[PDB]
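Trainee: Spelled out, the chains give:
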Amino acid sequence: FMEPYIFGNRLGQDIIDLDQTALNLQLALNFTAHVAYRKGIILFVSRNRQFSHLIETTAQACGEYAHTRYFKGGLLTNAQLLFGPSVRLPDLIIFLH
Amino acid sequence: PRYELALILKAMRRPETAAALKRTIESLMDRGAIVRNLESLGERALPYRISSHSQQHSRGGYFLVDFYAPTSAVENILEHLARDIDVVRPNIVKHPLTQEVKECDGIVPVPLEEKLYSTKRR
Amino acid sequence: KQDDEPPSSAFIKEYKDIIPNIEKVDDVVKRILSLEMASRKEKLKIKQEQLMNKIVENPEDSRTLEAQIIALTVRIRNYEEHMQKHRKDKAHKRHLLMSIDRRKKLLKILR
Amino acid sequence: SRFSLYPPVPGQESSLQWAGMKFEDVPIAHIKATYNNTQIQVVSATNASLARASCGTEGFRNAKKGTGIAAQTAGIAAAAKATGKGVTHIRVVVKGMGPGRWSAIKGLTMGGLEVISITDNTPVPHXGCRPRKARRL
Amino acid sequence: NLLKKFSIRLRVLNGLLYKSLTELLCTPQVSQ
Amino acid sequence: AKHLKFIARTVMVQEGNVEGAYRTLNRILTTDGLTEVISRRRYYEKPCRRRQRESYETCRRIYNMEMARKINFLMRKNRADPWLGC
Amino acid sequence: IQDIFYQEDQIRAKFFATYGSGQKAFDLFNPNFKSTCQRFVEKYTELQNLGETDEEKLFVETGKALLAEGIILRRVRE
Amino acid sequence: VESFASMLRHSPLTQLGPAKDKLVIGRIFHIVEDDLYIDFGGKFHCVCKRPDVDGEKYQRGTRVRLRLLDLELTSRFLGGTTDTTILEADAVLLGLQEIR
Amino acid sequence: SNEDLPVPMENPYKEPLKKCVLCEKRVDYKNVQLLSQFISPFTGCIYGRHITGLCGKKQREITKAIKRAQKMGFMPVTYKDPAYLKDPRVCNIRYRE
Amino acid sequence: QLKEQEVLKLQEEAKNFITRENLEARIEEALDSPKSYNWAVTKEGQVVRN
RNA sequence: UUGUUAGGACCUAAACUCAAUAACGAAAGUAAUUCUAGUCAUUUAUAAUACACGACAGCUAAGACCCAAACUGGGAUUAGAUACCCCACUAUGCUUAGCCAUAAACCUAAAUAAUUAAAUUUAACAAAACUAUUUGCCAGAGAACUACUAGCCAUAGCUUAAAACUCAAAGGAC
Ligand code: FES
Ligand SMILES: [K+]
Ligand SMILES: [Mg+2]
Ligand SMILES: [Mg+2]
Ligand SMILES: [Mg+2]
Ligand SMILES: [Mg+2]
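These protein sequences, in sequence, are chains B, E, L, I, a, Q, S, W, P and U.
Numbering-wise (the authors' numbering), the first sequence opens with residue 98 and increments by one.
Numbering-wise (the authors' numbering), the second sequence opens with residue 2 and increments by one.
Numbering-wise (the authors' numbering), the third sequence opens with residue 62 and increments by one.
Numbering-wise (the authors' numbering), the fourth sequence opens with residue 55 and increments by one.
Numbered according to the authors' numbering, the fifth sequence spans residues 45 to 50, 92 to 117.
Numbering-wise (the authors' numbering), the sixth sequence opens with residue 2 and increments by one.
Numbering-wise (the authors' numbering), the seventh sequence opens with residue 60 and increments by one.
Numbering-wise (the authors' numbering), the eighth sequence opens with residue 76 and increments by one.
Numbering-wise (the authors' numbering), the ninth sequence opens with residue 47 and increments by one.
Numbering-wise (the authors' numbering), the tenth sequence opens with residue 151 and increments by one.
Among these hints, one or two may not hold up.
[What the hints assert, rightly or not] Only pairs whose alpha carbons sit at most 25 angstroms apart, straight line, appear in this in silico SDA-like list of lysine to any residue:
id, chain 1, residue 1, chain 2, residue 2
1, a, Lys48, W, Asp129
2, a, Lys104, Q, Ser56
3, S, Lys116, S, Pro90
[To be verified] Some, not all, of what chain S presents toward chain W, calculated at C-beta under 8 angstroms:
id, residue
4, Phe75
5, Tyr78
6, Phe88
7, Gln97
These are computed hints drawn from the structure, not numbers from a lab.
The beta-carbon is built from N, C-alpha and C at its ideal position, and this holds for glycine as well.
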């Protein structure tokens with residue numbers, strides 16, 4: 098499902114068309130701004146441990162939330178049990194990985 | 002066709018060996034052959050003890066005779082040479098030069114996936 | 062038997078038309094390239110070529126039904142000679158009966 | 055300038071001599087190690103019998119006749135008869151793959167004979183005689 | 045496929102198994 | 002029987018180390034497969050069983066070699082944790 | 060997926076086969092880095108613009124031009 | 076504004092061609108004991124061992140020389156529909172780069 | 047459209063396939079010196095293609111030449127002739143530890 | 151052209167074929183000069199004639 | 001009798017390594033070497049009441065006989081084994097002429113030309129799925145690889161193959 102976005106194969110290494118990235122990134126950044134404008138909750142999520150501290154530092158700088166640790170089963174589908182009766186779930190989840 | 006004879010002869014002195022190679026090559030001609038070349042490979046020790054005509058042999062003279070003959074003559078030639086008392090072991094084969102070394106690009110990798118499906122499925 | 066059997070002095074099909082052009086060739090060289098110093102397969106390529114000329118209007122074409130039928134008559138007569146010596150060869154006995162059946166099928170389409 | 059595992063080549067000249075004897079002359083110790091009995095015979099290089107022994111001749115019987123210690127005793131016994139006859143160096147041709155294959159060679163060493171080489175002549179047919187049927191147990 | 049694929094009588098079996106395993110361990114057949 | 006005696010399957014004893022010579026001769030006769038041949042040739046193995054075994058041995062080797070390859074492909078990644086604490 | 064092969068690659072392949080990689084080390088952090096091979100391909104192109112049609116002529120002439128520049132090209136068959 | 080196609084054609088990584096047995100300059104960014112994580116400008120970093128000679132010289136930020144082998148270590152194993160990647164590159168550390 | 051777009055072509059940097067030691071070399075039953083390089087010094091047994099390193103074609107060529115030589119009184123069967131023990135080592139086999 | 155050359159080569163080669171007239175003389179030349187078909191290859195695939 | 005024999009005879013039977021190979025043949029089947037003969041073009045699928053073949057085992061006649069070996073005999077075993085184990089030996093495995101036509105003869109996959117998308121595990125396990133074409137075959141289970149009929153160097157056989165009867169299951173994968 099990624100072959101649409103691949104510019105080609107440079108000697109075994111797939112290259113990503115940066116023109117499709119620019120269009121898609123424009124849409125994603127615009128969407129992320131309107132959600133933040135409306136005071137929605139944004140949660141950054143990644144399991145890459147090299148960038149765990151960077152992503153937690155980014156979320157703190159933005160004013161948003163980060164979950165870079167082991168993700169518990171039911172965190173979103175069973176939030177009321179895990180967090181409390183009136184827990185407000187995120188309005189947007191950004192998957193850096 | 003073109004046949005390569007491999008004639009192991011009894012270890013003898015040159016006078017008698019030359020007589021053995023004249024009698025042999027004459028037989029090829031008597032069977033309708035056209036002898037092309039005669040080569041010697043030297044006297045040496047046999048790889049094992051060959052027993053011919055009620056005598057055990059440990060040393061023999063190796064010779065090659067390149068020749069042409071009809072396909073029907075190959076059988077008669079070997080039959081006649083087997084009755085000669087100075088012939089340890091005659092073997093006629095098709096001449097190697099008539100067969101030409103094939104051309105190869107290299108070793109093409111065969112995948113392991115296609116080696117286990119063969120071994121199991123059949 | 063058949064009316065025509067290639068002579069032993071005939072050249073093989075590769076050099077059949079080349080040796081005549083050469084001005085002078087030795088008797089030995091002619092004997093090496095004759096049908097005497099060739100396999101039975103070579104003698105059959107000469108039998109087939111003779112039949113194609115004597116029957117087919119265009120002997121250059123070998124894909125016509127008449128040419129394919131001629132190719133199978135040479136094989137059939139070859140297998141019959143084989144089976145006269147190898148009386149218990151069951152693989153070639155199958156080859157003989159399958160060529161006969163193939164010829165009959167082609168003769169039907171030709172008709 | 056190194057030792058060669060490969061034996062000397064018969065019909066050539068070599069610098070290896072044992073007790074003023076060439077390789078072709080050193081007597082031969084024929085060990086037939088079967089799964090029941092281990093026999094031993096020592097012969098001169100002209101094929102003349104000098105010593106003979108086996109687990110049976112030592113006095114072992116039935117199952118004990120086919121152990122490691124039984125062949126060791128047979129080797130020591132073969133050495134003693136050979137040592138009396140005038141043998142110091144032996145070429146060990148060990149046929150068979152039984153329990154006393156090695157022990158018979160160890161007994162010969164303990165008995166005062168010096169092994170210079172170890173050959174193997176276990177029969178291996180190249181296609182031969184149909185072996186007996188597998189035992190159902 | 046491959047990944048999925050991968092009294093008197095006891096006296097006779099006890100003695101013979103011993104008689105055979107001793108031979109397997111007297112050579113490198115199992116391992117060096 | 003017709004060949005020359007003492008050339009085939011013959012090792013030479015170095016400095017009276019008669020055990021070392023024997024232990025090398027066994028490694029030779031085993032690497033060449035004579036040991037397995039002599040063992041199996043004691044009783045008749047029927048052609049149908051011979052093919053089933055040789056097929057199983059081939060497939061077993063291929064599986065072990067690939068599993069060994071994977072264990073060695075990740076041999077380098079087994080190192081101290083660079084991102085300890087995160 | 061299209062294999063990405065530019066026309067310079069024909070020249071670059073010959074350069075690596077004849078001289079290997081330039082003894083100077085590639086610096087992939089400099090966005091405008093010019094390697095020994097990239098200068099070879101720039102000169103090879105310049106000569107080809109003049110109209111030389113023989114590949115052998117363009118390959119040996121480019122080596123001479125770089126030699127004048129002072130670049131150390133070793134024709135390492137090993 | 077230059078197009079992406081132009082950027083790729085003239086990119087240093089495109090000029091390198093095949094990365095086997097090539098020479099590149101890397102930078103140490105992370106050190107764990109005697110293991111050096113070196114960025115050579117590619118997608119994945121490599122991990123080398125601190126050489127016995129001049130070990131103290133290999134500190135963070137130190138530019139070094141490398142001989143690339145693979146840009147990514149990946150291999151397909153029996154019963155796998157995709158390649159297994161360790162998210163790492165292969166290179167041989169040759170030594171420090173002379174500042175000059 | 048774009049001059050910088052990639053051009054279809056066969057891989058310039060393609061690496062030549064790996065040949066065997068006997069690739070494009072005649073294998074004759076009378077060249078017992080070459081034949082002896084693929085048998086065992088002690089038993090004389092033919093080595094497999096995982097030891098000789100030959101391809102399928104040349105492995106069969108050597109096999110047919112050894113058997114013909116052994117059957118025609120040129121080569122021994124139960125060992126390697128001592129006169130070829132000095133020749134180079136081509137087979138990946140170490141009897142000594 | 152190829153077949154004409156092959157015929158001409160064979161005719162040139164046929165000059166040196168053995169016959170009843172030169173049999174004894176050719177036998178002695180062969181005996182005087184032994185031939186060797188032996189040669190060996192290295193791990194690099196290089197012939198090593200001795 | 002045994003061991004050894006770089007002693008003689010014999011040429012019975014079977015073909016180590018190669019073979020970690022996957023070739024050939026319609027299937028059965030086929031791998032010691034050499035030589036001879038030899039596989040090949042029908043567009044393709046589709047055939048019996050015809051023709052030709054058909055592992056192993058078995059019969060007929062004359063040979064062969066190294067070894068193996070139903071069976072038979074002797075020795076052990078056990079509360080007793082016609083068993084499993086040991087020894088001896090036979091039909092037989094081999095050859096040359098005739099017959100027998102049977103295997104889980106199964107890759108348990110009919111033979112062909114497609115496609116890899118139909119937002120298709122379309123039960124589950126096997127071997128990803130599916131379409132088109134032609135023939136053969138199947139229609140709950142036992143009765144039944146049976147009875148009878150017919151064909152056949154077969155004569156307890158082989159192929160073809162029911163009914164009464166009795167039940168509400170039989171059967172498959174997990
Ligand atoms: S790789 Fe070419 S013949 Fe072996
Ligand atoms: K009994
Ligand atoms: Mg026989
Ligand atoms: Mg032929
Ligand atoms: Mg009998
Ligand atoms: Mg009826």
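Trainee: Going through the earlier hints one by one, which of them does the structure break, listed in rising order?
Mentor: 1, 2, 3 and 5
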